[PDB]
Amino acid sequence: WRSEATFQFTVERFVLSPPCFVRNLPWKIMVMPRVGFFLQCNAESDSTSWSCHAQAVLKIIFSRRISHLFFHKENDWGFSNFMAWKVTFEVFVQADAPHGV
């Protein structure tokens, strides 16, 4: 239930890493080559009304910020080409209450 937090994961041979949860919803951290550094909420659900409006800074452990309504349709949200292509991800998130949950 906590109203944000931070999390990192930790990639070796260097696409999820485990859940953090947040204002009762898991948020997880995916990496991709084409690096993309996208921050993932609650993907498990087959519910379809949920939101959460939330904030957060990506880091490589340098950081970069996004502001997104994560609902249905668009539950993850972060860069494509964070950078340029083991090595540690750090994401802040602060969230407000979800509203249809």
Given for the second form:
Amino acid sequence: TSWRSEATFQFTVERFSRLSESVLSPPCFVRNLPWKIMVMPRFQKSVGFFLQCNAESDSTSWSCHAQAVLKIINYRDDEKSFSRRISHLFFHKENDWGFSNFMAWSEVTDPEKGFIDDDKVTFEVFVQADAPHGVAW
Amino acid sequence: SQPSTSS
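Could you switch over to the form solved in complex with the partner chain, since the one displayed so far is the form solved without the partner chain?
Complete assembly follows, chain above in first position.
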């Protein structure tokens, strides 16, 4: 159920080469909170990749610590998928965490690397969050 | 690189 302590979800960004604004994925619930993948271009140059948590809530008392693995799927060989691990205490003043320079933009969009196809790039996140605080008293 | 928030 949504109370699950961990989960893995993906988000495929279309017309990736033309990305200009930051894109948001639908929500994935774990620990009963909405988690999303956030992608945006940073300086062409590099791919910004972040994990967002409970950002829609107007609450300022909640907090949830989690560890996750942020990965950019390589459709030609998952062994060549690039991923980085994170650990962070999520709360309103820091509802997202990740890397603004997660990968080189020219590399991810390289048709010969196997990360991009039909101008689509799939993002995956494996999050393992602890019980939250300041939410379900 | 080093991790942070999108902000």
